[PDB]
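Shown here is one chain on its own, the form solved without the partner chain, set out as structure tokens.
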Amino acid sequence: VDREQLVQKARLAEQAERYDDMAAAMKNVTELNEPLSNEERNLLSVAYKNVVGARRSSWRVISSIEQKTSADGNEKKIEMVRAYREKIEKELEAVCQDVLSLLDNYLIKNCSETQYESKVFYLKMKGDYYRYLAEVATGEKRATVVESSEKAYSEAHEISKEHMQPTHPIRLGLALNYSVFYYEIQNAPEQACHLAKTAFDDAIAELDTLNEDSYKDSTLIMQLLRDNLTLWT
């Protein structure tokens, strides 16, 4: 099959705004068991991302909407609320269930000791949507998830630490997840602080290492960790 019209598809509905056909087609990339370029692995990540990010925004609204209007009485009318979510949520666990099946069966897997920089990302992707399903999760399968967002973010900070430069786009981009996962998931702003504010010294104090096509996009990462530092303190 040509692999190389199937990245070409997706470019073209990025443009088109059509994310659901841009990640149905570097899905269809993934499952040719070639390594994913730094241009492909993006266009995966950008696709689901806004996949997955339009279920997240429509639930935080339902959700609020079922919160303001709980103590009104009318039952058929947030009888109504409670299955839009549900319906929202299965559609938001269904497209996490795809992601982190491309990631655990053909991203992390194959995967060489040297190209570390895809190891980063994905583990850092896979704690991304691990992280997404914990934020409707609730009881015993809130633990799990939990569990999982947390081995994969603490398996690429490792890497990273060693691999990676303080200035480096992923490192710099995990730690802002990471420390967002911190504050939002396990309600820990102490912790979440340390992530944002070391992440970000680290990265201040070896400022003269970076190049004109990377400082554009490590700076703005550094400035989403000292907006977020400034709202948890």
The other form holds:
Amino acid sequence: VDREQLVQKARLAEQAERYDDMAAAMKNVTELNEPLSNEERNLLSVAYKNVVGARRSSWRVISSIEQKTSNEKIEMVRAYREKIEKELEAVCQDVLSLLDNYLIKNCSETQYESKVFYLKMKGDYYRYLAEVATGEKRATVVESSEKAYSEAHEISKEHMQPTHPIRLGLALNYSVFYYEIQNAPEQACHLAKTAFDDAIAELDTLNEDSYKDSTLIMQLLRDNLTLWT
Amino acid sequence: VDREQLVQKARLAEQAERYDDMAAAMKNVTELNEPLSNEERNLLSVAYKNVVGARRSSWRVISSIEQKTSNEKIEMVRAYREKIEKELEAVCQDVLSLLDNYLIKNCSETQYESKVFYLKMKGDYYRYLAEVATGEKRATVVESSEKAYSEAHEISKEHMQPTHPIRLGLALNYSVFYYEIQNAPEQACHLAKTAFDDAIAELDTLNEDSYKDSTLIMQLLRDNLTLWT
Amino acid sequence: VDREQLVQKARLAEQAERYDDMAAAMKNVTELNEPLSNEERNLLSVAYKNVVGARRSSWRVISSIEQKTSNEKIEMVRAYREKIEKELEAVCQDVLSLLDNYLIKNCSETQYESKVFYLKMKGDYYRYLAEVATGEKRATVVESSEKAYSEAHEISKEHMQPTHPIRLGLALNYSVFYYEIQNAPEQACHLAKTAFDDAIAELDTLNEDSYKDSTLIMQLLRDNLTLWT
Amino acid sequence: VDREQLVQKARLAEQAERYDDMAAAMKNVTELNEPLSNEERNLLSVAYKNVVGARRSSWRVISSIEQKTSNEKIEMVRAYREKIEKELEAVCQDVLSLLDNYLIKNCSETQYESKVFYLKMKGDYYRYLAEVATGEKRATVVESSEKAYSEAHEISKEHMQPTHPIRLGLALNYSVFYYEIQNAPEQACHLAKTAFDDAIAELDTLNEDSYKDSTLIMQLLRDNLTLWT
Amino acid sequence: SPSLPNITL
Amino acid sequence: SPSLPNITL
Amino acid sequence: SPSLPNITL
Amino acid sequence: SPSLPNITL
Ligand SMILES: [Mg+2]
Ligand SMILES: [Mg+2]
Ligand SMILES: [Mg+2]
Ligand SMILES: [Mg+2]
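Swap state to the form deposited with the partner chain bound from the form solved without the partner chain:
After this comes the whole thing, all chains and molecules, with the earlier chain placed first.
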């Protein structure tokens, strides 16, 4: 295949809700070992979010049956949870190695938006690993999630407008990280509130090509703040 | 009653979906013969929009039965349509006389937003009369609707930002007037497109207290343009 | 008007969601002082259920604001609740006097289905009065509701099949009466469970013209039993 | 694994919406080479219906893009359609060989309900192959679908009540076969209408354990008749 | 509520 | 319709 | 489609 | 969840 054909396959796979196909095409595109265009970046993220998501869903269901069920069935439930878990971990590692070995690694200096987009993805996929991890393994992935979000945050503060959708979406997930993973509801509300306030303070920084995305995520920040407070 | 009590009754009537009560309280407030505060303005408009709306709904239903039905039943259907019509006309005249004899009449010179809000309402309620009128009666109410919208348009162009929600909502209904009443789909699209373009051109004119309303109506303009084109 | 015209007006008013008109046409039909045909019976009940319902809805809303609100506003809220209450009571009395002075009064001996349908309505509208009544007034309407349901129950047990939709709907509302008005959840479940069991025991008594209605209400009985247990 | 464990895995896979896992567990159960219990029968069918369905969905989407798109992209679209097609065909053949080599083959003489359930599945999965087949291949799978439905129909007429849910569901899909595959809308309506009429004629044949299923499918037959006529 | 749905005409 | 949604209070 | 709904388990 | 909605393509 050529690159155009892989990307066309990803677009078709998306429409067909065949997300394993979509992710495999976008991984192949990444493995051509060149930067991704905005569209390629978005296709990659959409593909893997869908793959990790279903299971992020299946794991919650089987974990819940496990908690309600736990007679000894229990062996099965537990085995099946662990199978789903291992799939979910392998998906995350699949993305994290694309990020570490290609996308972050080779991102050019002036491509701040890409940098922040990939560091946020790195935070996200360590956070998905943290959702299922326990013990010392949890401590490690939690540290790695926060390190990735923190670096994304520093770059975005320096190089992007407070209204930029990628900066706003980062604040959204970083604050979810504080709320849900670290159970630090003050640190979560402060981050969300700050990101919202800073965007509001600068509506004049909305872009004619992205203002709908900016305002949508502003509302998402607000929705979380309201829930949490 | 005092004024505060009428307004409190309107707020309760609203929550109870008793819109005849809500409209009667807000008419009473208007008849105290002083200007309305933004909230009073909004309560009045909400109340009457709901009253005229149900019937704006009942008339469409009975008109449709009439067209499908027309054996001679027909007398009944026709009579009932005419009864609903007369109710709908009386509601419109009820609002239009509040507008002409109080709200527009006494609006102070520097209250441009009120002026435009009331002239738009005047356009709207003549347009509702036009929806049902025929013959010379239709010609008259159509002329009056356009005159009211045109004056609102001139004041808003001079005194409000292109992003102001009241200016945007005016463009929305004025263009619906061209599309649906005058069946002038080019004149409708031009107005909607111009209003949208002018707001986009000036996002820096979004207000921190109203930007959600502005962007919402921008999208409504876009939705209509897409439908019509 | 002739009778056919009142009934045609009720059908049009229904489609137009003008339930005050629908109820006034069906009251007029009742006041011609002859029995009602199945369709007339259903139109009457639909009309008044809608009229009493909205307010059965408005009262719950204003009562809730009252409880949350109760600063002294309180006078208003309370006054408005009492206004809605008086409307709701007058609607119930409007139906109850049609039932007592016409429909039940003149129902012919062999029209068991009509008898039970009207006695159930009598139970229903006393139950709506009980929802709002307090003190000795509550005691009186509660007694009258149960007396009406009990008589309907005795006639239906003797003269209708256990699957008959009117018998099933009676059991449904009679059991709601025990659950919600008398807070007698055992007496409620027993009645619902008995009505369901007796219908199940006799599916061979389903009618080819009404089996969908029978099975629908069977499911409603089941839904309540599940909720309550 | 034991059989109980495979079936427990199928139930968990279902709840987790992991239908490939569910189908693989139920195929394994079938390959133990004993009859299936009602529950096993239902789990097998649910699993494979979900597997074939997604793709029955993906194929429609890519086929539609193909028709709208057909610049020469076209190669890709076409290739991807053919890939999905081959997956869909392999799923059908996977089920059809379970049916032919185990389930139908070894079904005991007095198990009429199983027989009809499996012959209907055989009709269904040949019909799914017909949805995508062309040319002589289409002719073959269409013949095989009708042969399977016809045999199921003969056994069900002889051995099951007209209200039996399996008999009713057979009539539903057999008539869809006539309507959609053979574009024989009279032959479709006659079959659906006959199945509905025969059940109605015998409500006394509803079973206390299955009457909800019977009446539900009766309504489905009615819905199709209404659409088609 | 938990009571009978209003008749469909 | 295609016209402005009624104000949210 | 117009065909039988998948079994509820 | 409470996290960012997946991109619309
Ligand atoms: Mg800055
Ligand atoms: Mg300007
Ligand atoms: Mg009996
Ligand atoms: Mg027979």
